[PDB]
Every structure is written in structure tokens, then in C-alpha cells.
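The complex is shown incomplete by one protein chain, all other protein chains being positioned as in the whole.
We just call them A, B and C in the order they show up, numbering each chain from 1.
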Amino acid sequence: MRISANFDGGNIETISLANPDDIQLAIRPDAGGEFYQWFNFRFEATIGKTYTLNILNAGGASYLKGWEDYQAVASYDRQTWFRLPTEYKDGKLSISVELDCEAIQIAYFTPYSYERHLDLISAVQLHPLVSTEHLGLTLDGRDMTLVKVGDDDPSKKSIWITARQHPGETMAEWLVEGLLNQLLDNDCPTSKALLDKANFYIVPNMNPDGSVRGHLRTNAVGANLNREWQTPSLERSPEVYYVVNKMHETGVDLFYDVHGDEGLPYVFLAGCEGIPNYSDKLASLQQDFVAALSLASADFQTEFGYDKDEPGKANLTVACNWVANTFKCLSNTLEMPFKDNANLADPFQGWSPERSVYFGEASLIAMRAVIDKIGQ
Amino acid sequence: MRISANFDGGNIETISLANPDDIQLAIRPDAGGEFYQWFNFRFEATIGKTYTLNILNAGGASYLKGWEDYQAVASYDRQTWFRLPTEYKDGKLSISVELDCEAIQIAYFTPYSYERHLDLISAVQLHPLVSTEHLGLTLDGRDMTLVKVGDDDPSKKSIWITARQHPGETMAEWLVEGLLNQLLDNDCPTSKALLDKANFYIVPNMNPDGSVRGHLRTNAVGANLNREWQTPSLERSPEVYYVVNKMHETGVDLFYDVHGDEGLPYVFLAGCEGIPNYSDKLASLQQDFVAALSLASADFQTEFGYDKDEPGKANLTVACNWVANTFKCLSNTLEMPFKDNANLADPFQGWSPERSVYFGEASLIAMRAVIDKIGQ
Amino acid sequence: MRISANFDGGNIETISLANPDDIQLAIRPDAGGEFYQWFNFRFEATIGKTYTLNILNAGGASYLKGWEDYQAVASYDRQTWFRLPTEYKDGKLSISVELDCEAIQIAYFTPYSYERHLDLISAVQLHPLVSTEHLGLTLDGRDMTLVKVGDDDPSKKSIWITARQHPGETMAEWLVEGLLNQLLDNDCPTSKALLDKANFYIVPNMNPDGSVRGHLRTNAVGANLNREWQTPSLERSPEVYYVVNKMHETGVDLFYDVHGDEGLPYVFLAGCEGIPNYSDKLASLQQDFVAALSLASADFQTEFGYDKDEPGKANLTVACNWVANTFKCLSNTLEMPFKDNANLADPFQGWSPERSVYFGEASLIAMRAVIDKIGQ
Partner (left out) sequence: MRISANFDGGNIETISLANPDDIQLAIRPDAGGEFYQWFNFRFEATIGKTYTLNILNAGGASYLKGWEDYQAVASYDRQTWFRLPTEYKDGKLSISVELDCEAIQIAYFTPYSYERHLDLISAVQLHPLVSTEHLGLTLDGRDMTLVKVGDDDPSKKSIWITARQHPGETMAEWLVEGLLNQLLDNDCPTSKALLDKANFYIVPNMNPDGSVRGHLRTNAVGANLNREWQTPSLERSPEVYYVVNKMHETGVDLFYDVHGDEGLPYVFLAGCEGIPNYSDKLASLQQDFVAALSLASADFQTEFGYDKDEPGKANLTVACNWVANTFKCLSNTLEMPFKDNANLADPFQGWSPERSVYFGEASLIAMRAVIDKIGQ
């Protein structure tokens, strides 16, 4: 029996490997010690036995609702990631592994490596309408890379799409890969139509450091990038600092910040209704966008989500709000579940990279729906 | 220099191969002599020369608007089909071939073989929710095959999708392949949602005989299958006869007859407003369907199309009308262009199998939009 | 219960579909009535039941040993082909089919349609060292296409590879497909080494008409092409006529005639030792070539095959002898089994396209082994 986590995005501590029926494990907290929930490790043992893996400190994780009805994600081949029988009792998350192969990787969601990220931002370069741009360095010295899709025609609209501010929400980068694959297909009319009218500025990974470090919610020094938008710094939140400045060069006509929510088994938008600069026009663009997104995706819904902000009561340090209020534009945070969409449940895989990719495609349709309405 | 057409879907007659600057060719009429326009042949010559291929009887084709601004489709590898410089003057369609390889296939649209059809209806079988059904024989003795997708739960709605009644409109089968590939993907929520609520009855090729025979508009004996719907026969229109009877077993809650239009460079729906049984409900389902389809596809439009029928003035021998009137359901004919979509023009390839496939996907979204509204 | 053979390569006649425990069929003879063995048909019935299909005229097939230990080939998806439980007694070949899907295709070997042929000879054109050449028409008016691989440097050695003189021997064209794929990959050193020294003249299908017609062994007018090499004609055997004349333009340094054998469950070469121009030099090349092939491929063997010809007693109407005798060169007929390689049995699929593809690859290694020894 073996457990391991020394690789890109790994996160587990081994407490005890003595008992096959009680393998004891712990999640390692994000830097700064204030958050955790993401785990990602590899387990090797004799096949044909059923093992119980106990994450002892699940009860100390940042979002305990996220453990309720949750099933761990696992893969034998690192290609197909499926769900495992999981339960949460006495502060511990118990995972049953009926090992069909010697080696299995188990994680909070399907991982997305820095090697994969590098392949994605390198490959999109070949497209004639694509140019990548080095925004700057992360605190560990990794690259903040901007994918610009379009012909930089100043008359076109500006669409900003940021994903993975919270590194453990890997479904965010997965969606951005799906969306890029569809946008970069000229045979797709939505893509052609969009690119005829807009330039895209896309950041597939807002937080490479937290990503490689196996953090749930913070960068290298423990900053929550989604509170850094109003007063970002090079010292603490360079990741947001460069994005914010670029936005000032480009303008923003539509903003889509892609996230993952631990506790709620639904896909939902959370808008910026509480910003001081909210308006009837913005209200109206939101209704149109939500209308379009519901038609575009059967995974989308509007019953469950976060509470709305009272008027003027928005937290202007949050990307969605800060962008909306600063650039007076349609702006949303998208949340996809770590669990599954309870409305269209899939017990074999729950929410998955495949469904995140489909939501990336549905997203471009919602955008096209409002393309002629956004901007000036 | 050589010209050839003896293969599945081939259609050309060689008048003269004497002059490289004036290769003379003719389209062979459908059986019964009343229609033609489709051509499909192979041409071999010395590379690096530019040849002029003249289809002498273009002026005698069934739809002369279809020659205006039309460019022939061609391929070196039978995978990527592109457009050739083409002109229509003095009743002849002139195609310039700057031969980059020894062998090129040139056709009215991308062909879709019976071998390809057999692969498609064989492959879908592997899906757990798919069963194919032999409806009967065509007049040449080929197979009319029905693809049933779903679990045959009698409480579910019935969706009928028929394509390629007119064999030369190959874009119809191409769309049906795209649509099946998307419908049979469980990761797609639209697919899951649809199949939760409906059973699909799909005929990827209404006219195998006309298809293999290289006809534009008719089956083996020259019948136009889209006038056979009210009084079909085994002797003359077995293809429609078996479909019509099956419909009586299944019911129809939505009908989608997939077609191609020669003269108009637009995608458009043609509905059944002129049926005696038209109603406010049917009017309303049509508006919803059209609304959804416009949001789903940037290739769709609603300005151009056919003229609407005066009330009660529908031709009830046409599938769209006959089905709508008989089963009192949302029913449409879809027309995709042999030219290109003038709104999102693509000079390298015009309308293509790739775009037809995308329209198949957009179609499932339009359907889902009305899934809860159709039926009783 | 339905039986059908109306499609490219189809061959069966239905005697009786009355009894599911005794479906009665017969193999249609080749044009000329002299031969048969090849069959290919589609069967549709009810899944979950086991049907017995009896080819009542198997006892009159051309090679009766071909029936002993033979198992029929089948596919539900037309991509994976596998063996069905088969027995031969009292002149009847009995195939058991427990239908998992409604439709299944059953054949003597995996079919290779003309549409596939067209895809192959078209696709290879894109390679910068490939040119196709139209040799002329078949009797039914289809193409005899020569695939030329190399820089056409007339100083180089000439390698001729011909497959499928007997149409039912589809494995031969599967092998050429595999040989071309590898030969066209420049990262393969054997490929690079060969093209530096030789030009290739490859005919993936010697008998397109026999192929489409579902014949075992003859072209459209009942000619056995492999007895036409000495005195062919445009009116009986144009297929051979054009190749013989091209060989005279190009010369021949190595000849490989790809065939399939019904009776022996082994892979073997048959040489041309009986030709009047046989020489020590030729016998030496043959041993070099056989050794190399034994090393290149574990499926090859040299214990079983055809008896050798006595000195001078070869039939010069057979390609291998005629070529060897005319061009004084290394020349073999390759025979692959319809059954399996008894030495490396595979019950699920027996001999297959994939194994044929691998043997194509091994053939290039054998050829490379004699590349500097051949020619002049």
C-alpha cells in the first residue's frame, strides 16, 4: 500500500497506511492556513481488495456543505475520471476503493496540470486570429498568459473571460479549453459571428501558483485573488494586478469569471445587481443573457444560487462587481458544481470536464445572444 | 485527360475531352426525364495546367437560380471539399480547374455514399438507447432503415426527423449524421434532457435509390417522394409508404424534414401555416421554435425563404403539411443552401458538411426549447 | 427476419427465411458461372435469439478445404469484424448468430468497398512523393489506378506491388493500405531508405469490377486475371493489359503479387522457380528475401504453401512467373489466409485487416533487405 501526492496539483498528507480498512489521510491547508478542500493523490495497492481511505480532517475544510452527497473523483488512466462511493461521518470523508488496477488517482475534481495549461496556451497560437501575451509573472515566477482572439479592431467589442482564480476549481480551466476549442472553429457560425463583432481576452488560469501547489482558494502567499480586484498589488496579487491594468487598456463590454462551487449541486450565474452603477440597461442585458443561457444549456438553471446583493451593497473587491462597476458592463460569475447537476444527475461521473466543456460552448451562444446589445 | 462517373452517386456524361480549354460535359437527367441538377464526377489530367470544364446542359436544369453565384464543390482527398471558380454563361456552367493533383472529384455538393450511409446506421447500433428497424425495401431493393433513439416509453413524445427525400440534397444526410453524433453523446445535456422526454424516429436517407443513381429529385422510377405523402404506394413510393405507416403507429409530436435549396443562399424554415388544421397553438409553437433556432444558430435567418401559404391552401401531399395536418403537430421543412449562407459567407468552402453538422446540433436545441410544449 | 446483399461487394441468394433454426441461402457464382466462395450479406432479425444460417451450395464452392475449420466474419458496426461459430457438414456451411444488435453483416472476409478504394487512392495524393496515374477503364467502366511513390527518378529501382486480382481476396487490399500508410511516413527509416533507392508502382485494386460484383475470382466477364499475363486484351482483361504495358515502360526489379488463400491457415510466399529464366542469382535473392521476411514478421512461415514448380514447368500466364520470366527479377506471390495463422491463432478474429496491415509493414522490411541486391 502506497499514497502519493508529489506532482503538479497534488495534495494529501499520509497519517497511516497500517490498516487497509482504515487508511488515514489529511488535506494540507493552503499557504497562510486559512482554507482548504481540494485533494489530489495517487494510491497503489493489491487489486481485488476493497480499501477504505479516510480523509481525517475533512471536517476542518472551508465548505462543509460540499461534503454532503459528494463523491470523490478517481481515475485509473488519467483520462476517464469517475466517481467513487464516498461518505462523510464524524468529520471524515470516507472513500471506498475496490481497486481494479494497482494504481488509482483520487481527487476533489479532475485535475488540470500546468503541463496541460502550457499545451493549451501554446497550441492556440497556431490559429491565425490568436495571439498570446505575457502579462507578467506570478509570485512563484510562473507565467500569467493572456489569449487574445480576434483581429484587434478597435471598433469591436471587448469580452473578458477569466477562469481559475481559485486554483482548486479546475472545472473552470476545463470550460475555458472547451470554449476555446469551439471559438477557434471557423465552421461554427456562433464563433464566426462573435469574432466578427468582438475581440476576446481570455485567461485560462488566473492562478498557476495555487494550481501547482494544490491549493483550493489562494495563490502562493495565501491571497484570495477574488478580493484583490479593487486594490491589487504586485507584492500580494500580481495575478489580478496585470489583468486589471490590461482591462483599462482594452475596455470591457462583457465579463465572465468562471468558478466552481463546493456545496451546491447546480450550475448558476451570480450577477452584479448590488453595484452602485447598476442600471435598467444592465438589468436588461442580464435578463437577456440568462434567457439565452437557459436555452443554450439544459445544465443551466435559475432557482438555486447565491443570494442577491441589496442595491449598492455589492462587495467591490470581487472581480464580477469590480469589473461591472468600473466598466459599466454585463458581468457574471459562473459557478459549476463539484458534485453534479442535481437536475440531470450522472452517477457514473457527476460534474465532469466533458460537461464543463459543453458549458463553454453554451456560454458562447449566450454571449452571441447579447453581442449587439452590449457596449456603446 | 479523363472524366468518370461510374460510382455511387456519380452523374456526368462526357461530350468532349479534345480541348483542355473546353472539356464538354452534360448532366444526365433523373429517371423519368423531368428533373436534374446534381452532378458528381472525377477528373484526371496533368497537374499545373488550368482546365475549363463546361457542363453544356446546365441551362436545362430544374433550378436556374441555383447556378447564379454558384461555385462547384471539389476535393482532392475526398475529405476536404472546397469551392472552384465557376461561372454560368450561355446555358453552360463553366468550372476552372487549376489541377494541383492528378485526380479531383467535382460535384454539386459534398457526396454522401450508400457505403457511408451503411456505416452510419450500423455504427449507431452500438449505443444502448439505439435500435435500428428495417422499414422495407426501396424499389431497387435497397434498405429503408429507421433509427430509433430512446427507450420506447409510451408516455414520451415522438420526434420524427426525415432527410434526403431528394437524393441530391446530401447536406440533409450530413446534418442527420451531425445530429445523431450529438444526440448519442450523453455528456451533452440537451441530448439527455431530450431523451428523458422524447423518443426519436430518424430516417437519415429517405431515398437510397435516387442517391446511388445520382438523381437530384426522384427515386428509381422518377417519383418525387415529397408529393407522395397523402397517397403513397408500394409500386411508386415505397420509401414514403413505410414511413407514413410507422408514423401512424408512433404518433408525431414534432416533425423535421431536412432538405436543400438550390437557388437561395440562406438557411430557412418553411412551416405549414396553410394546413386546414392550423391553429393558434401551432402558430405559437412555430414562433417558439423559430425563436429558439435563431438563438441556437448564427447560420439561421428568417428574412428570406419560400412564400407562405394562404390559410387552408397548403399542398397536403408534401411531408411537412401532410404530417402537420394529420398529426396536428409542430412541423417544418428545413432548407440549407447549395451555395453558401450569404450572411456568413465562406469563400473557401461555401455551405459544407461541417456547417450542416453544426446545424444538426443547433436543431436539437430548438427542439429542446419546445419539448415541454409539444404534444398533449 | 431479413437478408440483403444489394450493396457494393454483396453476395448471397436467399432460399428460405421461414425457419430461424434453418435460414437457407446460396452463394451466387461469378459471372461465367465457373467459381464462387466469397459471400457478403446483411441480416436483420430480433436480438436475444440464436439463428442458424445455412449456405446450402457451399459444397459446390471452388475450394472445399476452405470450409474446414473456417469461421465466418461478421460485424454489427462495420468497423470491428469478428468470427462467428461456423461448421461445415454434408455440403452446407452453418453459421450461428446470436444477435446482440438487430442488424449484422456476415462475409467470407472483411469487405473493402470501391468507395474505400476511392478514399485510399485519393488521400495518398496529398503526399509530395505520391502521384496517381489513370491506367484506363475496367470493363464496367471503373478506374484502374496506379499509385506512384517516389521522385520518379528514372535511375532508381522499380518495385511493383499488385493486389486483389481475385476480388474476394480483400485482405490483399487491406495489406496495401497498411503498406502505403507506412511507406508514406517519412519518420520510418525503412520507408526513407527504400524511396532513396526505388520508385514504387502500386495497384491497390487489380479488379474493381469483380470487387463491386461480389465475385471470388474473376473480373466482369468471368476472366481469371491471374491467367491473363501472357496474352491479355482490352476486351477481356484490360486490368492486366494496362499493367503489363506500364511494366514495360518502367522495368521491374521486385514484384509482389498480393493474394489470399482459402485453404491453408498460414502465410506463405509462392515464388517463380519454375520459370525458364530461373537462375542461381534469382534463387539467392529469393532466399535473402524469405529470410528477411521471416525476421520481419512472426506471422510468416515457410513449411506450408503450394508445391514448387519443376524446372521450366511454370505457367507463364500467372503474374509472378510472367513477370519473373520477362524481367528476370525477384518475384513472389504472397498468400494470406481467410482462416487464421494456425501458428498464432486468434479466436476472436482469426486473420484480419489489422494483421494484413501489419504484414504490409513487414513486407517493406523484407524488401529493404534486398534493395541493393536487386536491380541492375
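Descriptive notes on the structure:
As a convention for this text, a residue touches a chain if its C-beta (ideal position, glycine included) is under 8 Å from a C-beta of that chain, and two chains touch if they have at least 3 such contacts.
One chain is not displayed; in the complete assembly it touches the shown chains A, C.
Checked against the full complex, the candidates A:83, A:92 or A:116 give a single residue touching the omitted chain, namely A:116. Residue A:132 is the one among A:52, A:132 or A:317 that touches the chain not shown.
Within the full complex, the residue among C:5, C:202 or C:292 touching the omitted chain is C:292. Take subunit A: the residues that touch the chain left off the picture are 2, 4, 6-8, 42, 44, 75-79, 101-103, 105, 113-116, 118-119, 121-123, 125-126, 131-134, 140-143, 145. Interface residues of subunit C facing the missing partner chain: 186-190, 192-193, 292, 295-299, 341, 344, 346, 352, 354-355, 357-358, 365, 368-369.
In the analysis below, only the chains that are shown with their structure count from here on.
For the touching copies subunit B and subunit C, the fraction of interface residue numbers used by both exceeds half; the interface is of the same-residue type.
Between the CA-based centres of subunit A and subunit B the separation comes to 41 Å, rounded to the whole angstrom. Spacing of subunit A relative to subunit C, judged by their CA centroids, is 54 angstrom. Rounded to a whole number, the gap between the C-alpha centres of subunit B and subunit C is 37 angstrom.
Chain contacts: subunit B has no residue touching two or more partner chains.
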